[PDB]
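Here you get one chain, nothing else, as structure tokens; it is the form deposited without the ligand.
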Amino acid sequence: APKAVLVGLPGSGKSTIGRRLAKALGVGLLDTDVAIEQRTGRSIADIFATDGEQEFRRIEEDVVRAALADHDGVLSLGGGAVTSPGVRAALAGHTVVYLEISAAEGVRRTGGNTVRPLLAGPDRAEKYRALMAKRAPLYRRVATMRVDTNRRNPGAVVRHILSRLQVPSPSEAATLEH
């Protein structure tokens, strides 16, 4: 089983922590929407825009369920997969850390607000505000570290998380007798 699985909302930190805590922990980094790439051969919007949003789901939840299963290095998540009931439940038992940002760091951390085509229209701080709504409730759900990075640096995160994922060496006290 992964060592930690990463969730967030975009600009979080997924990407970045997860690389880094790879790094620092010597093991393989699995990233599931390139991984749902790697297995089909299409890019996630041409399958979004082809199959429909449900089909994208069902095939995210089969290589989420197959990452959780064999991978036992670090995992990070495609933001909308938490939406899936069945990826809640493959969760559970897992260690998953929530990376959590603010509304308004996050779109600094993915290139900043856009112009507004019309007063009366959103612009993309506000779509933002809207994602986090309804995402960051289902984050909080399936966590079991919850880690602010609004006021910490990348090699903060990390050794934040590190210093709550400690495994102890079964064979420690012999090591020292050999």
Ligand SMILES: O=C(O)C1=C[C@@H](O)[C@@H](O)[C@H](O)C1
Second form
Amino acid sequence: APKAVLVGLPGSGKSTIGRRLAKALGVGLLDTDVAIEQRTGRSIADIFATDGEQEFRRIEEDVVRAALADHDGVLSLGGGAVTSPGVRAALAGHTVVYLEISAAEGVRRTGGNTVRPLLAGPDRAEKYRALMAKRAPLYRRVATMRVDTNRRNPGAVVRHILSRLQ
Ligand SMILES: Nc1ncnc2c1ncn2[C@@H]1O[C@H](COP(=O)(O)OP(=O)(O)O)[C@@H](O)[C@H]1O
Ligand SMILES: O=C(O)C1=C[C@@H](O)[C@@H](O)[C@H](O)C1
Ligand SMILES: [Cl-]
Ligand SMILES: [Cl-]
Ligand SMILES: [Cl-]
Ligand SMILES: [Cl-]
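Given the form deposited without the ligand above, I would also like to look at the protein as it appears in the form solved in complex with the ligand.
Following is the full complex, with the preceding chain placed first.
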């Protein structure tokens, strides 16, 4: 089982906190977005473009179940993995860290970024708020620990998690 599984919205810091947390614990980071691109040979945007979200979600659930069984380090899930009921069921029993972020800050963290299909293009603040309203209940449901990241720098987030683990 991973030492920690990180969930939350795009820009909440999964990739960032995951890397820093894994370094701290001296384990590997498995980022499921990365794992998907290495598996398929394709970019996430290109899977979404040609195959669509539903196919991305099926591939993502396969990857996630396997990593939950086989990975003993830190595991960072894609931001929308919790929208899959099978991912949510696979997460039961696991140490799941919900990185919380306000929409205003989340928007600003993701602002330069053009590699997220569900956020790209215009009207980003609206789209982000809509994602947060849909998913917040789902993150809260799978989480065993919640960490507010709005006013915390990444090293402080890591230390907060470290102190609450194990
Ligand atoms: N606690 C934080 N304080 C400041 N910036 C952060 C924090 N967490 C993440 N970031 C920044 O936000 C951006 C998105 O982080 P990322 O780790 O890729 O989020 P996710 O994987 O949840 O999409 C990155 O530039 C990262 O440096
Ligand atoms: O919010 C989402 O559904 C996504 C977030 C990213 O982590 C990637 O998994 C992908 O762009 C989908
Ligand atoms: Cl399984
Ligand atoms: Cl590991
Ligand atoms: Cl299950
Ligand atoms: Cl984007």
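If you superpose the two forms and keep the largest set of C-alpha atoms that fall within 1.5 Å, you have the rigid core. Numbering follows the first chain given and starts at 1.
S.K.: Taking the rigid core as the superposition reference, indicate whether the CA of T114 shifts 2 angstroms or more between these two forms.
M.R.: Yes; that C-alpha moves by at least 2 Å between these two forms.
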